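Note that one protein chain of the assembly has been removed; the remaining protein chains are unaltered in position.
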């Protein structure tokens, strides 16, 4: 089932937040970073992945 | 002239962004994170420091 | 079967290096760091965990 | 005086350890990583720079 | 219709205020948690209008402060309160200033909130570098600057609406060494940052609440000028 | 009155479209840079209303697309296109598709813009793992996925006002290993992230322009499916 | 001629022993710091030869244990000792087990050392996840697992030869969330790691002493099996 379907299933089952990640989720963060509201942020790698990046070991 | 004044002088000199950092610069970022616009972000340490954190050694 | 047994089972399965981690594996590394051979190293967090720490999500 | 002489002077003046960094210093760490003594270390970026990498802001 | 509790304030020169001003743009109601010692004097300035100019919202609006309450992040519940403070001239006239008490207090006066802000830090020995910091000073820093966050979350999650958000303030000194920032504050900021992840996992899976921290640059407030190195 | 150029849209299923949507919510004009291999097909679909029900926005809003231009991030300037791709079935009818040309075309037609979005990647050997990736393929992944960002900046920085912002997308595989994300794409992401800092220093100091990157979760888009594992 | 003090031991199934065995290969003399509660029983096994097989050095040599001493990382000096323990059945017959006392004790019996090992961790509420950990449990973890390191350094630097080295043990849970590792241990390991940098700066510039930490993988000892999740 290709690498990507595996990645979606695993994320939705092990990420801190359970909701399905939508393009608009990355879209609204991108909108923010592009607006003056983030005038003080730069050179950063900002994660928008329901927190999966913070985990080390799963559970089940 | 207090530890704090040195830090701000250094930041306004070697930081990627030259403008003065405002309490509202952090506030706007805080606003965004407390809203649903950032529903896919969690457990992150987000830098709002005019990018100073990306620097290794000053070019001076 | 205790938190510890799960961790070792998981490590011996998904870690880059398959061998069993020995108390002396950490000891040898400790020896080296306590010697002049590593006189240019300091303030570091050195990983001796068969590389498990470099993994994001298990391939299973 | 080229980028490198600047880097050496700054390192020797701001690094945790003051000694001059020698090729043999990186040499002995490399020898270690290559020997069985580090059989449990892998995929790592090991710093051998007298600790300069740990600093954020200088002093003088 | 969104309410935000800002814990950690004393004046309008800190980050708490800057956060409060920006949230007002989105018309969120703000509740300030003020450290007892300066609660009265703070109410004074306010009553005497010393903050009127600092309350004007960009949008040509007045910052909507729902309430100012005495709050001490070193006490989890009323039973944690010790004799010395129970006699402390500045705590006498006050009451319900422990984390659980203000959580219940807010919940009873205004219902549930959906935004939480941890904006307070304290270290008795901040002027000393790590190696010259006592066990007491070190732990006082972690209790006030770190554990307080975990505690706020534990007691405030009960009074929060679903999908509510949480944030705290930290400093890059936790990752890279900045000499002068002592008393174990660097230590505290390192734990606050690691705890933010672990709390995000639990709060995320269990309540669907998010938690994040902002590593800020320098701001000349008052708690920052007290570092003096 | 903000204008944003989005590079990396070839259908409404990727992150670009989602970004264009959210940008429209805040009413920013959008220009789509489209890759020639799928340019006409995209135009045709758009024209026959095959995207119509995808430009919808909760607030009744309907995406506002300022322009749709052919664009290939493989070429910095016109003198860069090889004769073959120059006479190729898809590129013949087209012109001004190099980074320099589109940058110029945009400025010439709408003036200076203030938002730039890099939403693309590519690698011929993504299916193969690092060890088995050839120099050719590896250099291809980096040329298309990482260098394009730098070139994109170099040319657009000049048609961008001060305080404008730039963003690109990345994936955590750059920092931790994920088997299956091959072809050197994890390597390209690691370079993009490091370059995002180097560029922030320079663009910051010299133009007062910001650049950040977003490490996204999984999305079933055309590109992603290309992995096949 | 090199002496190493290993603080944090109870049996031969921990890391302290593994470190002790390897150092013996370089013929360094070892001094063990044992937590009072198990000091006697530990001396028992030893006297009755329960560790003879665990002492054989690869090199067909016998591990050279210079001395075993009662050591409690929760007490900086004798004046820090409280009444309850001063009456604790297991502390009565003992003496000079506080950090400063054993530092002086070693220095008086064997002179200066050049190697220090911090290999101890403790959290009363390790079985609970962060959110259900009390202030007491959290701080007990930081005092025993973190501040102890800073304290060891402060008092032992006086009895160390120039260019001496120092190390401690940590766990990746401080950087990434591993559920189950609770009681604020993750918090403690995060501060221990940050403190290692700050201590390296000070100890490096001032004494030319190095300090580093080893983030280890799982080992089935005893303090690790007590976590049980």
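Before moving on, here are some points about what is shown:
We just call them A, B, C, D, E, F and G in the order they show up, numbering each chain from 1.
Simple rule for what comes next: contacts are C-beta pairs under 8 Å (C-beta built on N, C-alpha and C of every residue); 3 or more make two chains touch, one makes a residue touch a chain.
Here the missing chain is touched by one residue of C:17, C:21 or C:33, and it is C:17. For the options F:199, F:219 or F:227, the residue in contact with the chain missing from this view is F:199.
Here the missing chain is touched by one residue of F:95, F:132 or F:225, and it is F:132.
Touch with the hidden chain on the side of subunit C covers residues 15-19, 40, 50-51, 54-55. Remark: the residues of subunit F touching the chain excluded from display are 76, 80, 129-135, 138-139, 142-143, 146-147, 150-151, 153-154, 157, 174-177, 179, 186-191, 193-195, 197-203.
In the full complex, subunit B contacts the hidden chain through residues 54-57, 59.
Throughout what follows, only the chains that are shown with their structure count from here on.
Note on B-E: its contact pairs, compared by residue number with those of D-G, C-G or C-F, agree for more than half at C-G.
When the interfaces C-G and C-F are ranked by how many C-beta pairs touch across them, C-G comes first.
Separation between the centroids of subunit E and subunit G, computed from CA atoms only, is 35 Å. Chain centres here are Cα means. That of subunit D falls 39 Å from that of subunit E.
In subunit F, the residues touching two or more other chains are 172, 177, 180, 197, 200-201, 204, 210, 217.
Annotation for subunit D: residues 16-17, 19, 40, 43, 50-51, 54-57 touch two or more other chains.
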